[PDB]
Structure formats: structure tokens, C-alpha cells
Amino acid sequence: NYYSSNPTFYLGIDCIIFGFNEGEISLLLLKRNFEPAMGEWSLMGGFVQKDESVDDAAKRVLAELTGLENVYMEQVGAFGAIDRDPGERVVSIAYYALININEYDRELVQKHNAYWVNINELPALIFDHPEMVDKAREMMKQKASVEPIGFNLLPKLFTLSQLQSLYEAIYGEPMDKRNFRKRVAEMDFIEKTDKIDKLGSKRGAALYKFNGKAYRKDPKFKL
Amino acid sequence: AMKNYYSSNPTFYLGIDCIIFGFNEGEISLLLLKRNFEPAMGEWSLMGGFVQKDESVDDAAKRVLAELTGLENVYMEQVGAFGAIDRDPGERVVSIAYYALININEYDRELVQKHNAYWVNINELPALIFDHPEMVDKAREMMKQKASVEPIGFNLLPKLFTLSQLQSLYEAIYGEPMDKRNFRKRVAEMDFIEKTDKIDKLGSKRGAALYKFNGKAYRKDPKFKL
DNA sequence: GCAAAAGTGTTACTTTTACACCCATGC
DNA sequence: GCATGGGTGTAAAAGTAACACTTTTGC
């Protein structure tokens, strides 16, 4: 009964869920069909529970909405402005997540009333969610340059143009193809399969995969 | 929403934990407690506390730092929320950790002594309780990155300092030696790092020129790299 | 006079950027 | 036969890293 004299708080959880399609990055967002702030756009969220760690609670939430587990997640931070939720004192912890937009479970998404939304065409979001999104992007952008988290946003196989397209999207500017492909050339953990994609191009481009094993053997990364 | 949207969920203790950096005579140190009270009485740990009803989390951090050091307006960064279940054996506490850069020469000895705290060289840390070492590792990692791309280092130095002090600081932060000539080239280009007419004698035979960080000048164009 | 820290430029090397045309294929 | 994205190399520029000796002055 040492910590007895201190108050206790609601720990919220909020998820910035990145996805990528057709050269553009989107966030999966809720168009709330429940109170508070019903009708308004927000992040997917929840509340830490007694039997779970904060990190798991995040995983839970993410899975309740997307169906996915074993997802790349990063903690964005604790947000504990006093009036950040008008209703009650909630300190929410925020995580971001990179998922593959093809692989999520639509039933669960439909039911939460959530929609993918281009990240530069974003509605106003409730509470301190825009603050959270901003910090999230900042971080993801940073980490994506020095670690291969990008590949979580693409499927297993992909074309150097899809890749380039993505990296162009994350950073918000185009880049020279010949240079880009050269850097990729020397990253051995980005491996050319003997497969080809026919549906993306007339000539059809060679598909590549990310090789976790090879990466860890020599974790150099630059784009 | 309802009373029940919230109250159906449980509530937790929110702890605060401070990694406090200082710099002296070429080496970086943390300010740590030799704990006067339980839990873990007698063991080493970070300075800590609990968020209260009437304060933001950031405020809570600022307060804690002030309680120990007497310092306000300190450079502080949030490291992260630590909320494994059994991180604190006695009870469920989710702890938000922050780091702080301060002038090891300008703090309140009387408060430090009241909390039984001591400066410890960062490469010679004792075993810290609970998940504090995890917290310290992350703090160091972040602070090192941040300091390569923003001028936070100057909070660890006094107002006037020599370019060898500054070099020493950076050699400490990155934990590796660097070239004097190259290092001073970089600093030449930072116009917000200003040479004063003042001179230090305490530190050397010849005596080196004292420099200054001009923040106003920095925020005019925030370019920084060394 | 020598120990001990201050101060000062040039050159090789590495990295980054700019840039334009042919290829294979499906329609 | 043409329209579409796939694929390729080279040179100039910028940036980074390696490198030694002279200056001051307190002891």
C-alpha cells in the first residue's frame, strides 16, 4: 500500500494504421458509429485491460479491427493532456502499424465502419488524433529510411517500380529511377525472384522479395 | 458517451521516470537515487513519481525533475510508455519515461541530498531496479540520435565553453574519438555557435577562446550536424 | 626547455546526383 | 505500329575522412 496515495487513470490506445495502394499511402480510419463523437472521423482505439500489457492491448485493438496479428507496430507515445478527451481523463498511448492493404478482413472493417483514406486528403479527426498522426508520420518516415519497414506495406513479391512508388510516397517526392534501382542493386537482401508480373506492365517486370534472413546477416539499409 | 463507456474499463497507476543526463570532465553521467524507501529500498534507480489528477503527463515529468534538482524550464523528451504487466512487482504501474539534459554544475545540492541521489558515470552504472535499464538504454539511443541533428548538447554545457569541451561532449555522446580539425570545421559553419572575446585559463596552458550558443541565431535557420 | 592543450589547410576518397535512350510486349 | 512501363551507365559535383606541425605559457 505504498502507491496507495496516488490516483489511477484510464489508459487508452490509438492506432495509426498505414497502408499503401496505387502509389499512395492511406490510413485506415473510423467514421465513428458510436458515442462519444459519433459521426466524426477518428483513429481505431481501445483501453488497456488488467490482463494485458500496453503493447498487447495495441495488438488486440489492431486485430479487432483488421483481423491481422503479428503486425509491425511501433509506439508513437503517451498523450496525457488533461482535457484531451472532453468526456473523462484518458491518457492514451499511440502506436503505428504498417499493414498490407490486401490482407485485412473486410467483415471486421465494415463492422467498425472504417475506411481507407489517402493520407494527404485526411478529414479532421477528433481529440488529439491529428497531433498523433503527425508524430506518427514523422517517425515512420524517419525509420523507413534507415530500416526496411517499408516491405510490410507491400505484398511478398513486388516490382522495383512498386517499391520506388512506395518510397516516393513515404517521402513525398519523386526520385530518379536509375539511382534508386542502383541502391537496390547492392542491397542483397532485396532479392530478384525468377517470377514476373504481367498485369502491371506490357513488358512485365521481375518480382523481388525481401529476405529477412539475409538482412540480419548484414543490416545495412539506405533509400 | 456514457459513464459506462469509460467505467467498464480498468484504471492504472501512471508512473514517471527520469533519465537525467549531466556532463563533467569529459564524461556523461546520470543522476540516480540510492533508494531511501521501498520498494527496492537500498537499490539504485531513476528518479520517479506518479501522475496526479490535476496535471498533464508532461507537467508531471517537469514536476518530478524539479522536486529533485530545483530546476524548471529543462530540456525534456518523452522516451516511451513502459507497460509490461509485471514490470513493477508490487503493483501494476504503467510508467512513462522522459529524459532530461542539464548543467551538472547548476542544480540544487540540498534537494539532491534529500532524495539521496548521486551522479554516476554512464559507463559504470549500477544495476537499476525493474525495467530502468531498458529505459536507460532507449533514452541513450534517442538522445544520441537527437543530438546529431539538433543542438540539444548545449544544455549539458555551461553558457561559455571551449571547442575542446564541445568536442569532448560529442566524443562522449557518440562514444568515439573524432578529428579535431574536421570537428572545428563543422563548428565554423555554425554561425549560431559564436566566439566570444572571453578566454579560459582554468583549462589549459595557452588558453582557449570561449564560445556561446545563440538560440535566436539558430532558430533563424536551424541547420545542425556534427 | 618542455609538457600540455590550442589552433590551423590540403588532398584523396566516397557518395550523391544529374541525365536519355532502347527494349519487350499487348493492344 | 504505337503506346506503356522496364530496364540500363557514366560523368561531374559535393561531401567526408585522413592527415602534422606550430603556438602559447606555466611549471
The other form holds:
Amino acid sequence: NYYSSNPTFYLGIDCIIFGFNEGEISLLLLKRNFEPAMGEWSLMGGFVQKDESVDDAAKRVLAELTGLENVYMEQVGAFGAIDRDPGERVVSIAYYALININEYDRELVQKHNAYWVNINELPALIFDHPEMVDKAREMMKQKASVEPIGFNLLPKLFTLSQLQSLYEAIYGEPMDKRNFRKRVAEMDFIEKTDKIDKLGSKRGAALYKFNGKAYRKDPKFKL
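Alright, leaving the form deposited with the DNA bound aside, put up the form deposited without the DNA.
Just this one chain is shown here; partners and other molecules are left out.
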């Protein structure tokens, strides 16, 4: 009764999907195999349905591309400039996700014509997607300094050089090897295993694990 004199709008979802590999952060991007903007680069996206909450729409859109569930996700914001989408008025809610770049459904990715691209060497993204990406990076950077969300970008078992390399990539600057390793030593919820990562016959390094339960007993993450 009360709300009907107001207009209604398409509610897009757009996903900034972060991955980490070989000292580089990358985004999972569509090279669109559909109109509008076929052939152009964009974030993975969709629309909110009547079935679902906005949060669940984000989960669904991410699962449609990657097959993943229970993904670490944060809402970035609601982008609502009038002409952000030239085809129609669409207000899009952006989310970012941190996934293990080693674990996703390769079939689904191939069928969406999607690609991992280094975050500092992105092609031109359509619409206001470049803007969304900028805001997502800034928020993730900020959160990753005060909370251990970084470990979602790594496999369950990781080495310290891998971990250092992650934080070097997040902040785009080198870190002192020595004192970084002391910060981890006195961080109790980062447990050292008896397993090693064996890249090759000449390469090995101790594998560590992130202990979620032990972190929440004392949420003192800072590095």
C-alpha cells in the first residue's frame, strides 16, 4: 500500500574476485561471451532475484562462475549513479571475495570465458567496474592489516615465504624478512607443521597452518 508510489529498480550484483599466485594478486574477470558488451572485460555479475537476499545473490553469482561455496565475502557498496549502466537503470551492489586460486571449477570458468588477470595490469573494464575495483582493493588492504582474511587467499598449508609474498603483494612494497618472521613466531594461531612444501628435488620449506579456533581465543592479528 504505502510504498507503491515509488519506482522500482534492477538490482545488480558485481563480484571482485581476488586470487593470489606467484607473488601476484589477480582478479577473475569475464571477457564477455554475451551481449551487452560482448568481447569486453568485466566483473562477474548477476541480478538479485525474488527468491533471495542480496547477500545470497552474491553467493549464487560467485558459485555460478567458480562452483565455490562458504567463500569469505565482504560487501563493498551500492553503486547507483544514473548512467553507470547505459542500457538501463541498474543499481549494483558490489562484493569482493577471497578465494584459493588453486580451488575453483575450471569447467565453469571456461564456459564463462573468464580469466585471471594481474591486478596491476588489468584490461579496461566496462561501466563503473574500474571504480568498484578501486574501492574493493582499498577495503581489502585495510581489513587484511587488522584481520587474518589473507589466509583465504592461501591454501590450508602455506610457507612463510609464501605468506610474506602475499603481504608484499597486498601492500605493493617489500617487507623486512627477519622481523616479519619474528611477528609470526609470537603469533600463536599460526602453527608450524612437520610437513614441508617440496617444489622440486632441490627446493623445500616448512609448511604452516592457520588455526581459526586458537585465533579467536585471542584475536591479536597485526602485521
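Positions refer to the first chain, counted from 1. Rigid core here is just the name for the largest C-alpha set that superposes within 1.5 Å across the two forms.
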**Request:** Examine residue 213 after superposing the rigid core and state whether its CA is displaced by 2 Å or more between the two forms.
**Result:** no
**Prompt:** Superposing on the rigid core, is the CA of residue 21 displaced by 2 Å or more between the two forms?
**Reply:** no
**Complete:** Rigid core fixed, the Cα of residue 201 shifts between the two forms, in Å, by 8.2
**Fill in**
With the core held fixed, residue 58 moves its Cα between the two forms by a number of Å equal to 0.1
